[PDB]
Structure formats: C-alpha cells, structure tokens
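Peer 1: Starting from the structure of chain B, add chain A where the hints point.
In case you want the letters, here they are:
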Amino acid sequence: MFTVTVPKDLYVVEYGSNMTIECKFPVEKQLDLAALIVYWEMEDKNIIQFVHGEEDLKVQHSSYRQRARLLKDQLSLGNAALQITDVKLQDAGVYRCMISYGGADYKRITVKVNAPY
Amino acid sequence: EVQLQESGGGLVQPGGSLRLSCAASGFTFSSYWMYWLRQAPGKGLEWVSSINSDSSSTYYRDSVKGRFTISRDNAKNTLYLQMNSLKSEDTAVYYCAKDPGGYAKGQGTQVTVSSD
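Which chain is which? The protein sequence lines are B and A, in order. According to the entry's author numbering, the residues represented by the first sequence are 18 to 134, in order. According to the entry's author numbering, the residues represented by the second sequence are 1 to 116, in order.
Keep in mind the hints are simulated off the structure, nothing from the lab. Positions of the beta carbon are idealized from the N, C-alpha and C atoms, including for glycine. Hints may contain errors.
Claimed, not checked - Partner residues aside, some chain B positions facing chain A, computed with beta carbon under 10 Å:
#1 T20
#2 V23
#3 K25
#4 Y56
#5 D73
#6 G95
As the list claims (entries may be wrong) - As a list, the in silico DSS-like pairs of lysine-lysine whose alpha-carbon atoms are at most 27 Å apart:
#7 B:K62 x A:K76
#8 A:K76 x B:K46
#9 A:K43 x B:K25
#10 B:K41 x A:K76
#11 A:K76 x B:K75
#12 B:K124 x B:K89
Unchecked claim - Okay, the calculated bits of chain A under chain B, using three or more residues with CB under 8 Å as the criterion:
#13 54 to 67
#14 79 to 91
Extracted from the complex, chain B is given alone in its bound form:
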C-alpha cells in the first residue's frame, strides 16, 4: 500500500548548520503536482503547507519564516525534502511529514541540535 518512508529518521545537527530532512513517497512515472499535498509540522508548529501544486504560507510559524523551504525539484523523485537553514537549539524535536498522493500517510523524524562552540 501507499507508504511514506524515512530511510533516515534521526538527524543530530550542529547549532547554526543547515539541514535537509527527507520523507520518500512512491511516484509512478511523471509526478502530478495537482494531486500532491505535502505538510511539514513539528509539535504544534506549522512549517510547510504545499497544497495541490502551490505553497500556502498563511499559517506558517514565525520561527520558520525564510528558514524553511520544501525542495520542489526533489518532489518529482518522490522525495519530500525540508531544508532548514541556520538551525537553532529550539529547532530540536520530532518533525512529521504528512503526504497525500492518492494514498495518505505520515512519518516522524527526530532532530537533535548539539550545543554551540
């Protein structure tokens, strides 16, 4: 059945680094962007809402504005890739990727941020 997978679901990151965290979803031949819905959230925070081919920024959390991006060129490979730039200690926690592409599924990713120098 349609399953979202996380071949890496643990990211131990240095403070102030950039990171890309990744969820896989099965794509047959050419991606239909109009059928795709990809959300990234963490705890009670909204990070990404990519809805039927277009990002919606209305409810995105202030802490993630300008730092959080979905890599659109990864979607056609069946890869939901969230880039966070300039990682903060408060970026530590459990992220979830929630995807509809015919089927519907989600997975959780653990992010740990090492203390700065």
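Peer 2: Then chain A, alone, in the frame of chain B:
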C-alpha cells in the same frame, strides 16, 4: 488538543446518498485547509477531497468527481461531504483531517454501500 469528530455514516444501497459532517475544536478551524480521507478493511488510508478556508478551491480523487461535494461552515467549525451516486467501492471509515497524512483526524464514521 485538536478535536475532530465525524458523523453521518450509515448503510446505504448502491446509488444512495449520505451527508457526512465533521465538528472541529481545539484549533482555529477557520484558518485551515481541511481534508476527507477514507480507509477500507485491509487497504491503505487514501485522500478523497480538499477545501481551502475561504471555499474558493476544492479538489476530489478521480473516483468521486461529480458524485461527492466538499463544503464547510467556518462559523459552525463544521466540514461537510455530500456523497451522491454511492458505489460498493466507496465502503470505508471516512475521516476529516487538518493534514493530508491523517496525523490529526477524527475517530471516523463507517460508510457501507451494499445490496445485501
């Protein structure tokens, strides 16, 4: 905590109609895209329909286009699915969700379409 509760499920004959409702609380329902998902026994959870907060955009899985209509009342914090021309293949637990993965969804409402 997010609170979602579906209602309006039932047993119907092929060609029949149901109106599902979804009451929402514990978040600002009126801000969010909302989704109908469904899961039949032994099968994966699947996407049925999407609607944006202002009801300007609606989307439907190919198999329900022209039969199912999504709507919402942002004052009543309620999401609707009008299901007409129901088919045996529509049998499933129907879920309202505030995300397309079914992370945050209700306990569901059973829709059964069968001649018996």
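Peer 1: Would you mind confirming whether the straight-line C-alpha gap from A:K76 to B:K46 stays at or under 27 Å?
Peer 2: violated (42 Å)
Peer 1: Apply the coverage criterion to the stretch 54 to 67 of chain A and chain B: a residue qualifies when its Cβ sits closer than 8 Å to a Cβ of the chain, and three qualifying residues are needed.
Peer 2: The restraint on the stretch 54 to 67 of chain A holds, since 3 of its residues have a Cβ under 8 Å from chain B and three suffice.
Peer 1: Against chain A, is B:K25 within 10 Å by beta-carbon distance?
Peer 2: violated (18 Å)
Peer 1: Quick check: the stretch 79 to 91 of chain A, covered by chain B? Criterion 3+ residues, Cβ under 8 Å.
Peer 2: With 0 residues close enough to chain B, the hint is violated.
Peer 1: Regarding the pair B:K124 and B:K89, is the alpha-carbon distance no greater than 27 Å?
Peer 2: holds (19 Å)
Peer 1: Hint check: A:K76 vs B:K75, CA-CA at most 27 Å. Holds or violated?
Peer 2: With a Cα-Cα distance of about 21 Å, the restraint between A:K76 and B:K75 holds, given a limit of 27 Å.
Peer 1: Mind checking the alpha carbons of A:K43 and B:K25 for me, to see if they're no more than 27 Å apart?
Peer 2: holds (26 Å)
Peer 1: Does B:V23 pass the interface check with chain A, least Cβ-Cβ distance below 10 Å?
Peer 2: violated (12 Å)
Peer 1: B:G95 was flagged as interface toward chain A. Is the shortest Cβ-Cβ separation under 10 Å?
Peer 2: violated (15 Å)
Peer 1: Quick one, are B:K62 and A:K76 close enough, alpha carbons at most 27 Å?
Peer 2: holds (24 Å)
Peer 1: Is the interface hint satisfied for B:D73? The criterion is a beta-carbon contact with chain A at less than 10 Å.
Peer 2: holds (7 Å)
Peer 1: Holds or violated: B:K41 with A:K76, Cα cutoff 27 Å?
Peer 2: Distance ~37 Å between B:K41 and A:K76 Cα, so the pair is violated.
Hint compliance for this structure: hints 2, 3, 6, 8, 10 and 14 are not met, and every other hint is.
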